[PDB]
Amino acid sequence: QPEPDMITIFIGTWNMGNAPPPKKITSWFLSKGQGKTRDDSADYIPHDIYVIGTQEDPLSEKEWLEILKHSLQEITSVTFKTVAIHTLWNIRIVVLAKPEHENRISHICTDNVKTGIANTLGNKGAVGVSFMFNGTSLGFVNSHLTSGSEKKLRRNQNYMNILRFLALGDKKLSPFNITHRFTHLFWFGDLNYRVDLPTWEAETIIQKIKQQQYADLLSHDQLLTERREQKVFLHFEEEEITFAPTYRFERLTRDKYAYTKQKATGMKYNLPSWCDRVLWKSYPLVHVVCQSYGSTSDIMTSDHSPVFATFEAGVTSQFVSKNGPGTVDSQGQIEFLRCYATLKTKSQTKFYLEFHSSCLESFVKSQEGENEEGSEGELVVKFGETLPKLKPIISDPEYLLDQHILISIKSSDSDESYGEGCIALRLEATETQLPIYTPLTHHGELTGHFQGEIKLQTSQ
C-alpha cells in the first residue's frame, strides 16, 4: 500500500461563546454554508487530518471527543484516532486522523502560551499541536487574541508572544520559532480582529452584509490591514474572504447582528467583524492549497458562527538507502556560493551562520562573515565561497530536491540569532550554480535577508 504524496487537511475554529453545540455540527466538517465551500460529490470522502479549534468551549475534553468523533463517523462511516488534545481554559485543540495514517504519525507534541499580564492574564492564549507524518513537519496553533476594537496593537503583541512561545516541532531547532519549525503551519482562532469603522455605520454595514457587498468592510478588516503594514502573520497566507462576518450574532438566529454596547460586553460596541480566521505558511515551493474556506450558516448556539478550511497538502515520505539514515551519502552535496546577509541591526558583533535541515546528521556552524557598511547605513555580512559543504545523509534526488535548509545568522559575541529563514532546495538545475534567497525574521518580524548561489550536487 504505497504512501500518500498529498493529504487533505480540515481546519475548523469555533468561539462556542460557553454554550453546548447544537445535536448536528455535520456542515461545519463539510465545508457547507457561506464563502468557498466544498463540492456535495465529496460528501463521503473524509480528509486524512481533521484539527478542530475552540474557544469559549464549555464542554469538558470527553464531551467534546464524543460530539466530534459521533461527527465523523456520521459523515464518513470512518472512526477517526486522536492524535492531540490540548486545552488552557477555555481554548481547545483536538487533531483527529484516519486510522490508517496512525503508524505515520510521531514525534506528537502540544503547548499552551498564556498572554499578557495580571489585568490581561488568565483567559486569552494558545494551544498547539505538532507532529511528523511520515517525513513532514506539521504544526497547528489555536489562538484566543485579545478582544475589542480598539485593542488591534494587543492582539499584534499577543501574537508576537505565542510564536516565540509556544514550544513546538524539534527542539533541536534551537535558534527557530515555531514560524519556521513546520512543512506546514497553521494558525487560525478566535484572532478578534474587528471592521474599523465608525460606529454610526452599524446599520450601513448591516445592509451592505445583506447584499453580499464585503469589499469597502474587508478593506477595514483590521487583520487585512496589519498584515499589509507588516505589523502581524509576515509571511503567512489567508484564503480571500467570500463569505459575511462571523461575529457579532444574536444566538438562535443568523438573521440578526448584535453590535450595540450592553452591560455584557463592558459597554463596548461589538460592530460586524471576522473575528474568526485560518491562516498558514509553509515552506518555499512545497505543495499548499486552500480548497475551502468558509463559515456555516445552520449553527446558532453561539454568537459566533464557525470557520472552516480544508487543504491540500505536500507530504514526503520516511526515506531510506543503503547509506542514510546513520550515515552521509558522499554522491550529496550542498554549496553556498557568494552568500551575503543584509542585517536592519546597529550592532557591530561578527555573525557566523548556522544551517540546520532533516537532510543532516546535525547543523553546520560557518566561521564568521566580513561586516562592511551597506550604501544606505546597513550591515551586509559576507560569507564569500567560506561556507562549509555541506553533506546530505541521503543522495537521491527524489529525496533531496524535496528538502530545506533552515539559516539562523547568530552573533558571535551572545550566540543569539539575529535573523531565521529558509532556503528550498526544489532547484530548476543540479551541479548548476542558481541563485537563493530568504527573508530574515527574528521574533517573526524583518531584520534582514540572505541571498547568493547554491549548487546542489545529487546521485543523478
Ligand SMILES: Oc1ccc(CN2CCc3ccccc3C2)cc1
Second form
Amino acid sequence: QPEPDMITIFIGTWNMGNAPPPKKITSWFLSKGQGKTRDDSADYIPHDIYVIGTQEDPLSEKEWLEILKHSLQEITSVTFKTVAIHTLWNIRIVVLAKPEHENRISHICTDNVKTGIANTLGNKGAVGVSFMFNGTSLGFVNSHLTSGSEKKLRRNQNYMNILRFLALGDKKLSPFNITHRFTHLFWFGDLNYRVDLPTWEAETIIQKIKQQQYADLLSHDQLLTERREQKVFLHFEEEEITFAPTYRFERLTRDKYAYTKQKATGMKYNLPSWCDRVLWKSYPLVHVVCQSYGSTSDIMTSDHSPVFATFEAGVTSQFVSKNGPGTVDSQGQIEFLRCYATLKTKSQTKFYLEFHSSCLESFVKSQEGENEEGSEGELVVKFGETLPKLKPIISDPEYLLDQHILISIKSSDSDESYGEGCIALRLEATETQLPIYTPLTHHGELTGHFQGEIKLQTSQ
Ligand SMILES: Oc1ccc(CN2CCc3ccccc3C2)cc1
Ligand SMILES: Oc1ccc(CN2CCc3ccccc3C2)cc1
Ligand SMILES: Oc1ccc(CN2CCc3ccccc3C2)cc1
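Moving from the form deposited without this ligand to the form solved in complex with this ligand:
Zooming out: every chain and molecule, the one shown earlier first.
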C-alpha cells in the first residue's frame, strides 16, 4: 500500500443546546444542506479523519462516540477508530480515523484551556487534539467563546488566551504557540461572533436571509470585521460563507429565528448570526483546499444548526534514508544571506535567532544580530551573512523541499521570544539565492518581520 500524499479531513462544529441529537445526523457528515456542499457522487467515500467539536453537549463520551461511529458506519461501511476524545465541561472534541491509518498516527496530545476569571470562569474555553500523521503534524481546536453581541473584545481575549495556553504538539518547540506547531491547524467552534446591526433591524435581517442575500449581513459579521482589522485570528483562513446564519433558531424547525430579548437570554437580543465557524492555518506552500463549508438543514434539536467543513490536506511520508534519521546527509545544506528582522519593540536588548525544524537533529542558535534604528522608529536587527549553515538530516530533494524552518527571535538578556515565524523550503530553484519572508508574531499578534535570501543545496 503506497503512503498517501493527500488526505481529506472533515471538521464539524455543533452547539447542541444541551439537547440530545435526533436519530439521524448523517447529513452533517455528508456535507449536505446549505452553503458549499459535497457532491452526491462522493457520499460513500470516507474522509480519512473526522474531527467533531461540540458545545453545550449533554451526552457522555460513550453515548456520543456510539452515535458518531454508528453514523459513519451507516454512511461508509467503515468502522472508524477513535484517535482521541477530550471534554471540558460541555465542550468536546472527538477525532476518528480510518482503521488503515492507525499505524500512521502517533504523538497524540490533548489539552484544554478555561477562559475568564471568577464570574467568567466555569463554562467557556477550548479543547484540542494534536497528532502526527506520517511526516505531517495536525492540530485541532474546538472553542466555545464568550457569548453576547457586545462582547467581541472578550472573544478576542479568549482567542489569545487559548492560543497562548493550549499545550499541544511538540513540546521541544518551546518558543512556539499552537499557531506555529502544526503543518495544518484547524480552529472551529461556537466562536459566538455576531452580526452587528441595530436591534430594530431584526425583521430586515430575517427578510435578507429569506432572500438568500447574505452580503449586507456578512459586512457586519464581527469575526470578518475583527479579522480584517487584525484584531483576532491573524494569519488564519476561512472559506466564503454561503449558508444562512446558524443561530438562533426555534427548536424542531429551521423556519424561525428566535432573536427577541427574554429573561432566559439575560434580556439580550440574539440577532441571527454566524456563531459556528471553521478556520485554518497551514504552513506556507502546503496544499490545503476547502471542499465544503455549510450548515445542515435537517438537524433541529438545538437552537444552532451544525456546521461542516472538509479539506484536502497535503501530507508527507515518514522518510528513511541510508543516512537520516540518526545522522546528517553532508550532501544537504540551508544557507541564509542578506537577512534582517524588523521588530515593533521599544526595547534595545541584543537579539539572536533560533531555527527549529524536524529536518534538523535539534534546534540551532545563531549569533547576535547588529541593531540599527529604523527610519520610521522600528528596530532593525541585521544578521547579514552571519547566520549558521543548517545541516538537514536528509538531503533528498523529495524530502527537503517539503520541509519548513520555524524562526524565533529571542532577547539575549531574557531568552524570551519577541517573534515567531515560518519559512517554506518549497523553493523555485536549488543552489540559487532566493528571497524569503515571514511575518513575526508573539502571542498571535504581529511583532515584526524577517526577510532575506536563502540558498538550498539538496542531493540533486
Ligand atoms: O495572499 C494573501 C494575502 C493576505 C491574506 C489575508 N487576508 C487578506 C484579506 C482579508 C479580508 C478580511 C479578513 C481577513 C483577510 C486576510 C491572504 C492571502
Ligand atoms: O534612519 C535610517 C537610516 C538609514 C538606514 C539604512 N540601513 C542601512 C542597512 C540596512 C540593512 C538591512 C535593512 C535595512 C538597512 C537600512 C536605516 C534607518
Ligand atoms: O544585514 C543585511 C541584510 C540585508 C542587506 C540588503 N539590504 C536589505 C534591505 C535594505 C533597505 C534599505 C537600505 C539597504 C538595504 C540592504 C544588507 C545587510
